[PDB]
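Read the structure below first, then the notes.
For this view, one protein chain was removed and the others were kept in their places.
Each chain gets a letter, A and B, in the order it is written, and its residues are counted from 1.
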Amino acid sequence: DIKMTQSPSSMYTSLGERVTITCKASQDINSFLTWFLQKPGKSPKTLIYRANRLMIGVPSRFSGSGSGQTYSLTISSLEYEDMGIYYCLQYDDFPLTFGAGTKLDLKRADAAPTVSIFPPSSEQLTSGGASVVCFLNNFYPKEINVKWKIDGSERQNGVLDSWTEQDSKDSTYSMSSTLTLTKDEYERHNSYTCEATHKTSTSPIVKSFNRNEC
Amino acid sequence: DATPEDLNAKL
Partner (left out) sequence: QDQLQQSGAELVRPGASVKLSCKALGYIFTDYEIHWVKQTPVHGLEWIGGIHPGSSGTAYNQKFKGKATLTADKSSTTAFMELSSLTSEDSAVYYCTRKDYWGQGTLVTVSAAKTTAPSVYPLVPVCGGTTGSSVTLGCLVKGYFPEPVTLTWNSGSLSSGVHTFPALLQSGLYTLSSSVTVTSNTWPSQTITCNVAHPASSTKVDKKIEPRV
């Protein structure tokens, strides 16, 4: 089938900047391609259809061009309303194929996360379970790694992470890591550690506690 | 706004 190679996969922009997203087809697709935008939790909104026809209602700052295998969506001047994920769609031949998409996010200075670890609540513990939560709040870029270590060695399963979307005011991201175990397994160990690794530093930000402490 | 130039080859 036709493969749509889209680039760049990620893009850190600035309001009012000129953006150029590009899609290359594995073969000629004769202008039968569309560019659509999709915001978190929302549905796709088409910007242009048939390579360069502007969708009715879509602002003119959006334009597309291309002819055989190479098409480009250009955004004259980026507005806040534009952040989201842009995708190209080829419909020259079935199966219909989409590009991997490009993620646009507002640029800002690198910011380390603010890490905080939370031992199980006595209410949960008096229920059989034991969840060790650990928030990594307000950092940039969205790229971050979380690692857990019980009594010195790493824990792999029991962990569940959830990322928020770039904040509209400070342009940072936040994530929550929940290492779940059993009360009976939680009490077979002492020092639970929470480690965050992020571009803002070589050494990780380490946060932890000990049961023998509280 | 757009015509069957959405490649309406049936199928």
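Keep in mind that, in the parts below, a residue touches a chain if its C-beta (ideal position, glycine included) is under 8 Å from a C-beta of that chain, and two chains touch if they have at least 3 such contacts.
From the options A:72, A:137, A:197 or A:200, the residue with contact to the chain not on display is A:137.
Note on the undisplayed chain: of the listed residues A:127, A:145, A:182 or A:190, the one touching it is A:127.
Taking the complete complex into account, residues 1-2, 4, 6-8, 10-11 of chain B touch the chain not shown.
Against the chain not shown here, chain A presents residues 34, 36, 43-46, 49, 55-56, 87, 89, 91, 94-98, 100-101, 114, 116-121, 123-124, 127, 129, 131, 133, 135, 137, 160, 162-164, 174-176, 178, 180, 209, 213-214.
Heads up, the rule we're going with is that only the chains that are shown with their structure count from here on.
Between chain A and chain B, the centres computed from C-alpha atoms are 34 Å apart.
Against chain A, the residues of chain B that register as touching in their complex are 1-2, 5-7, 11. For chain A in complex with chain B, the touching residues are 32, 49-50, 53, 55-56, 91-92, 94.
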